[PDB]
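J.: What follows is the residue order along each chain.
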Amino acid sequence: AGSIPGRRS
Amino acid sequence: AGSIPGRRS
Amino acid sequence: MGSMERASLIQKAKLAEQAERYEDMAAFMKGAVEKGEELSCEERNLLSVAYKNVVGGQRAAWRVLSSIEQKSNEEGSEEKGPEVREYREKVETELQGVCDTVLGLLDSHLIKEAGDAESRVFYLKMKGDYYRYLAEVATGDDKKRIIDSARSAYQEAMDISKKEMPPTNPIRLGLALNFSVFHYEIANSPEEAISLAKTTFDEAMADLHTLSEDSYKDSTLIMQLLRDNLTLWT
Amino acid sequence: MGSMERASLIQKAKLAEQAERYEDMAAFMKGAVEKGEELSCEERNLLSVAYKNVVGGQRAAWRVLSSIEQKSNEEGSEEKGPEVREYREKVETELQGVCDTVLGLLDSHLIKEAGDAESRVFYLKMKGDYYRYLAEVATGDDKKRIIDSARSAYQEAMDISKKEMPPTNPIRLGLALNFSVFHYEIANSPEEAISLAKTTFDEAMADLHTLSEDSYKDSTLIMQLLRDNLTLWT
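If you're matching them up, the sequences are chains W, A, D and S in order.
Just so we're aligned: the first sequence equals residues 1 to 9 in our numbering.
Just so we're aligned: the second sequence equals residues 1001 to 1009 in our numbering.
Just so we're aligned: the third sequence equals residues 2001 to 2234 in our numbering.
Just so we're aligned: the fourth sequence equals residues 3001 to 3234 in our numbering.
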């Protein structure tokens, strides 16, 4: 199950 | 030009 | 970072991101928040990206160590001493400290000053995420309360997002994605996770016709993440 | 780490490596060195791997920031303020501090107690490497002295390796590889770099017949790195 990666602006 | 990576035991 | 200008902290956060120096990035953005002014959309994104990278590395390390610890506690396993547990605990404490730091910024005073739907929903989604990361490692008497704190933050964000944002809005979509992961992975509610992901996807699909080419690309990227979870879960 | 047992520091360094927590790994290995006992082959490798990861990340960040700084100092570039230089300087100072820490461990007292060729050559190669990383960022009145310190350490290691180790020994091969990179990238001596890499490769090739299958794999892997540089340089 994957959440938003959210690691690049 | 590449040196020894040397980053894994 | 009290002696550095707000604008310089923001500039250095962007440089730290380019250099993949995420601990520095988070420290610069924490300093920027502590100047006391509200954050623009771009600044909110930099804050979120910085901490998601820091805590993402800690969570991955915690999972590696937790797996080693669990294996060492199996039948037929040789006693290796306290070191695996001690080091897992060290990483866990650090991770909890980062989550507490982010939650502290949100509570002092980002959320209370956030009046527009886009800022308030984004901050409440962050609050849900960082309680969720606390829940991933929680095992004690407050585990239920930590789960409820995540749920409550996500639910407030959902209620605002459904009233104030179109179904394709990327914040709304990412919030629903992460809340569905909370249901599946934390709250033992896979059916709620599946229903939320399906309804979110279908309502976004029906609103795509309203979007420009660039907004369409933004929304469909997150919709594909919802679909990826649905494929894994069904 | 003075209150932690040597064996526990070593165990935790191995766990930190699995968790990709290289700063922790380096701190555990520094603590192990500071117990004062000599290091076994495996422990020397853990020390080297930990610091190569830490400084490797710092060097990559420094190169990103140095490139941005150089671009901002071009004709037709808009003044962005002191922030790029300040942050490059911050990363540079941190990198220098890590190099000084490793060099300090080697000087107090790893090298002076290292009597076998494999330990002494490995430590002197480390000394050459960390002076080389200092040289990469040096611009002041000591830049020539830093380069000479790297050269001197590599040369002492080469002299021992040629007397005491077969031409296929992986330490000997890696030392020659890194010394050839020093010649090419630091000392402005590409012809010396090419000659060293070619002679090292050819002398190893002629000694492969003496090796087991597993030693053959070890040596040929590093030989391919020499060949990769020769292909880039010629």
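Hints may contain errors.
With a straight-line Cα cutoff of 25 angstroms, these simulated PhoX-like cross-link-like pairs (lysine-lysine) come out [unchecked claim]:
{"hint": "1", "chain 1": "D", "residue 1": "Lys2014", "chain 2": "S", "residue 2": "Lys3080"}
{"hint": "2", "chain 1": "D", "residue 1": "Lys2090", "chain 2": "D", "residue 2": "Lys2071"}
{"hint": "3", "chain 1": "S", "residue 1": "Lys3035", "chain 2": "D", "residue 2": "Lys2080"}
{"hint": "4", "chain 1": "D", "residue 1": "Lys2030", "chain 2": "S", "residue 2": "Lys3090"}
{"hint": "5", "chain 1": "D", "residue 1": "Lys2030", "chain 2": "S", "residue 2": "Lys3080"}
{"hint": "6", "chain 1": "S", "residue 1": "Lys3014", "chain 2": "D", "residue 2": "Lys2080"}
It is worth saying that the hints were derived from the structure and are not from the lab.
J.: Would you mind marking each hint as holding or not holding in the structure?
T.: Hints, verified against the model:
{"no.": "1", "hint": "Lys2014(D) with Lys3080(S)", "result": "13 angstroms, holds"}
{"no.": "2", "hint": "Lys2090(D) with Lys2071(D)", "result": "19 angstroms, holds"}
{"no.": "3", "hint": "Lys3035(S) with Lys2080(D)", "result": "21 angstroms, holds"}
{"no.": "4", "hint": "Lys2030(D) with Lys3090(S)", "result": "18 angstroms, holds"}
{"no.": "5", "hint": "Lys2030(D) with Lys3080(S)", "result": "22 angstroms, holds"}
{"no.": "6", "hint": "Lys3014(S) with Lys2080(D)", "result": "13 angstroms, holds"}
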